[PDB]
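4 protein chains.
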Amino acid sequence: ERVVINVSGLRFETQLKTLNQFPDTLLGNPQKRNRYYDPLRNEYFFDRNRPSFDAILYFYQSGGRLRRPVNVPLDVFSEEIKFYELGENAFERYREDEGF
Amino acid sequence: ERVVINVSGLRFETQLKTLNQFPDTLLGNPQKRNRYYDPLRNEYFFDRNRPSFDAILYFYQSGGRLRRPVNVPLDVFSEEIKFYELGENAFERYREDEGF
Amino acid sequence: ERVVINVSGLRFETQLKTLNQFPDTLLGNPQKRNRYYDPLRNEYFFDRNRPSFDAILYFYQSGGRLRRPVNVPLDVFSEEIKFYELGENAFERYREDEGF
Amino acid sequence: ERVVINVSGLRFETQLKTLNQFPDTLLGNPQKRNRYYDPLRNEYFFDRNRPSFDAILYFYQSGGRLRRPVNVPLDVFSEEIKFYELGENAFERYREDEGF
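First to last, the sequence lines map onto chains A, B, C and D. Just so we're aligned, residue 66 is where the first sequence starts under the deposited numbering, counting upward by one. Just so we're aligned, residue 66 is where the second sequence starts under the deposited numbering, counting upward by one. Just so we're aligned, residue 66 is where the third sequence starts under the deposited numbering, counting upward by one. Just so we're aligned, residue 66 is where the fourth sequence starts under the deposited numbering, counting upward by one.
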């Protein structure tokens, strides 16, 4: 099943299975992701930072690799990983990787 | 209400409420933004630099965080923040952040 | 008149007047740009490098500012400015700006 | 013949001839690329990293120039060139270019 995630007009596509492998995240939990469903467009809409999302989707595609894009600052990216609820395990890895 | 902002073919989407929170800017003022409405496509069209716009929309989404993308030079970005009329408060913060 | 330039699937939009201000370039010369018209899609198609094009269109929008994106290497960008026939005046400025 | 390659929602377009010049790669071999055909959308779908793909398509357009985008880390890019089966000749050049 193909899913369309619209981040501020930038459309990402993936399979439901890709998101569902991390069920304790916003996009992996139907109950949380469905709060963001747009019934008019059959998409999930986020009125959020666009350049961070490459990395949020790749976290799922890669089975857990969390990497901040260089064109996106630390604090911006930190707020997005928290919003998408990637988990304390992933936040720990990220924190070691950047210093703090 | 969903808004489509077409910057040189790159389409951004946001909510009207997101833009309207900064009413003393081009995109937050209906009177100014409507000069750029494209009645054929039901979008606002800007024939302008594309890579700067991520940051112009995120200024609204973040409630005021103004950040220059690294792939975009200082002078290019400076001209865009002036064009979008982000305000002297925001221009001051930006100026401290980059030197000048 | 709105123009759609499809660079390898990345669609850029501008006005004809924007391109026509530099008539001695590929995109500013109807005779040269029309070799790339796609009658099925009513677009100009280039099966070329995508990240360089932001900067090729901005050269026209800015009235002549030629800048290489940082995510695009020198030799890649040099080949694109030559292909788009931006002119020896612009190529000189670029050459000073990068060394050689 | 125009081909649409959908990488996680980012659509790339090229000509079949462009891909077919490197027949010993995934995208240059009909038998391998067709495993990824999406009959509902008449596209080839890859649920993969988006920022690396500029460079994978440009490898074909340029007749062999393989370059890692700067916004994409070494290990991420290395996994994509292996997946797309660009060849040991190209992997050797890449390895010299980055160290290892």
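These are calculated hints, taken from the structure and not from any lab test. One should not assume that every hint holds.
Identical chains share a label here; the pair holds if one copy fits it or two copies do between them.
[As the list claims (entries may be wrong)] With a Cα cut of at most 20 Å, we get these calculated SDA-like pairs of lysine to any residue:
id, residue 1, residue 2
1, 82, 112
2, 97, 146
3, 97, 113
4, 147, 66
5, 147, 104
6, 97, 109
7, 97, 162
8, 97, 140
9, 82, 100
10, 82, 113
11, 82, 139
12, 82, 105
13, 147, 93
14, 97, 66
15, 147, 89
16, 82, 128
17, 97, 157
18, 147, 165
Evaluated hints:
1. 82 / 112: Only across copies: residue 82 and residue 112 sit 11 Å apart there, 24 Å inside one copy, limit 20 Å.
2. 97 / 146: Intra 15 Å, inter 35 Å, cutoff 20 Å: intra-copy only.
3. 97 / 113: within (16 Å within a copy, 24 Å between copies)
4. 147 / 66: The answer is neither: 26 Å in one copy and 27 Å across copies each exceed 20 Å.
5. 147 / 104: neither (26 Å within a copy, 37 Å between copies)
6. 97 / 109: Intra 11 Å, inter 30 Å, cutoff 20 Å: intra-copy only.
7. 97 / 162: Answer is neither: 28 Å inside a copy and 37 Å across each miss the 20 Å cutoff.
8. 97 / 140: neither (24 Å within a copy, 32 Å between copies)
9. 82 / 100: both (19 Å within a copy, 18 Å between copies)
10. 82 / 113: between (23 Å within a copy, 13 Å between copies)
11. 82 / 139: Neither. Shortest intra-copy (29 Å) and inter-copy (27 Å) distances fail the 20 Å Cα cut-off.
12. 82 / 105: Intra 23 Å, inter 19 Å, cutoff 20 Å: inter-copy only.
13. 147 / 93: Within. Shortest intra-copy distance 14 Å satisfies the 20 Å Cα cut-off; inter-copy 28 Å does not.
14. 97 / 66: within (18 Å within a copy, 22 Å between copies)
15. 147 / 89: Cα proximity of residue 147 and residue 89: one copy only (12 Å, versus 31 Å across).
16. 82 / 128: Only inside one copy: residue 82 and residue 128 sit 12 Å apart there, 34 Å across copies, limit 20 Å.
17. 97 / 157: neither (23 Å within a copy, 39 Å between copies)
18. 147 / 165: within (15 Å within a copy, 33 Å between copies)
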